[PDB]
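The chain that follows stands alone, in the form deposited in one PDB entry, written as structure tokens.
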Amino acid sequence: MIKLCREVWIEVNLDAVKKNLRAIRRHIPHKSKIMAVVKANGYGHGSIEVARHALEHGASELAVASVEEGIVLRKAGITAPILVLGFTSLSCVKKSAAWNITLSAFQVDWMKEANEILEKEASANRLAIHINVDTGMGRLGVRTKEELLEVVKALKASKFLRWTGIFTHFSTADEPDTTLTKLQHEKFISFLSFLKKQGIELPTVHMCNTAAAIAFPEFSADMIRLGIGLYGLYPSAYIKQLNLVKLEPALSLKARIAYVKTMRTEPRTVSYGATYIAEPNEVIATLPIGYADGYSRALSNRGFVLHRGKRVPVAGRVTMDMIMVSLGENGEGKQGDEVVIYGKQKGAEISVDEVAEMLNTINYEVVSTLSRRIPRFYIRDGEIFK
């Protein structure tokens, strides 16, 4: 199959990504664009190949966490609009314009000072901007309709800026109680109505994350922001249970057994702390993944991997680079056998969602903390590359 020195790797199924984009496309209104959210290295799936695939199969724009993530995509030959969701220091204004990155901003002072930096360097390449309106996320963005007006005016007065969007972020659209979500929607529409009544024409409006796209597709407006769903993962249990859109998981994480041994002699202590004592004929397979790869140490004596289609448990503590599992009394297994850490094997499955449940977190965290040291392979039209 694949040749590696250390035998741990991720497979991202781009056929799955395409199918997710199509399922979402067919769910939200026909005219709505998709902005594929490829922040944090593609939610740990690899920003570039996900971005490239997304753009060919129904996305129009990309979103990222920073200018540096956006430049990564440029250097990969990507020319679609890239929006930085977080805050960008005035330090990087010039660099942003040069690499044609779209920045979010929401403050008069920032817009004017951005304009002055660009006026000095004199480039014809204007800096693209979106305005973030905070309707209750409480994170970034402007909060009253009157400060919003000033921001718009300052942006429109700035000839080295170009306004290409305005947005908000829902903070509870994945929850069974939709009260807050509807209050946010109705505040955002409100602020926009206010702008329209001052004779201001709107650029691209966008508010839905995956959760709201699915539960409130009527909010898609000109463009949705598809993150977790792109990766074939649901924003919550609730959203999944609505059974409105069929997503398929794009990531699996795999490895090969590095060493197998029957624990014939003493001491039969396994791993740091000696927290697991194996039986005399207990078989113990060692695997090349650990907590510095993003495989939580809280999975010590708790997690489960797949080997020849069955669940075999983590025995003893997770270490920095390796774990051990029990194949049981006289269990069969060889050096080189393929193991799935996240995903499917035969008819068994250990989803990223089950892993997040074990660890009292969410699927976003389990994928987006997968270390860059784990190489990514991509599957397209059923076959593997770079």
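Numbering follows the first chain given and starts at 1. Note that the rigid core is defined as the largest set of C-alphas that superpose within 1.5 Å between two forms. Compared with the form deposited in another entry:
Given the form deposited in one PDB entry, corresponding form deposited in another entry:
Excluded here are partners and other molecules; the one chain stands alone.
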């Protein structure tokens, strides 16, 4: 089995991932391609192994949050295109060219200076660029028909840059009111008709995320960007109810009990503040996970774990590296038993959506804030490895 000094770990099921990608393949047009999104350390699942696997089973490009996230992928052996979705400083232009990482950009001045920087070094490859159009998200990108015409011309003269795409982003595609998503769509096809009547040919167009591809597959165009659905999680409860694609969750979290005792002597106080007093014959177990791992402190006298197919509550305040649970009056448990924090055990289950609702947040934040000091194990074909 699994041999650790501190006994807490994560398991990622790679057979779930490949299944999730087929379901999405068979929904969108045959003519469209898939860009796997693995930023923030693969949404907390580990970026290297999920990307490797995704590119074997349907995907052909990848997307990350920064140059540094992309360089980790090339050092692991990957030669596919890698797109950087945020903003990159002119200070990393030559190093992105060297590692062949694709960059987003949307200003005339940025393109002129990035061109001169590689001009003054010759001995270079050319730098590939996607243009970001802002149709309603308000974060990054260009916003008028004239501005965008200026940027396509500054890019077409620049001998060391090369134009490989143009995209946008919907801000409310997971919501049952489709008003603003459709208005974004026709703003975008507008700007592209203009560029065309000018005599300008187009590269790869992409605009959909998980929710958009499931709910508006006729917006697929050349490419889509698959993120949260790769990992078996739905963007919103609304999109799940539509019942159009069946996904399977890939992540679960576990530990082993560290100690078991009956509260006979006194005092019978438990954890900081002494917010919990046991009864003379209650049984209290101690487990090795805390808020510095990503288990929220606000779950103090409130959360659950699974022990032997049943839910036992958390007793007292959460601490930095450890929590206590109550097995009840004359409990039943041993040092060494296995406990489930997120996932399945026999019949019972505690899902990540259940925990996120209990904390007033979204499943996105619950997985991608899991500390890197927890070791990750991968299952593929029934067998474990790392």
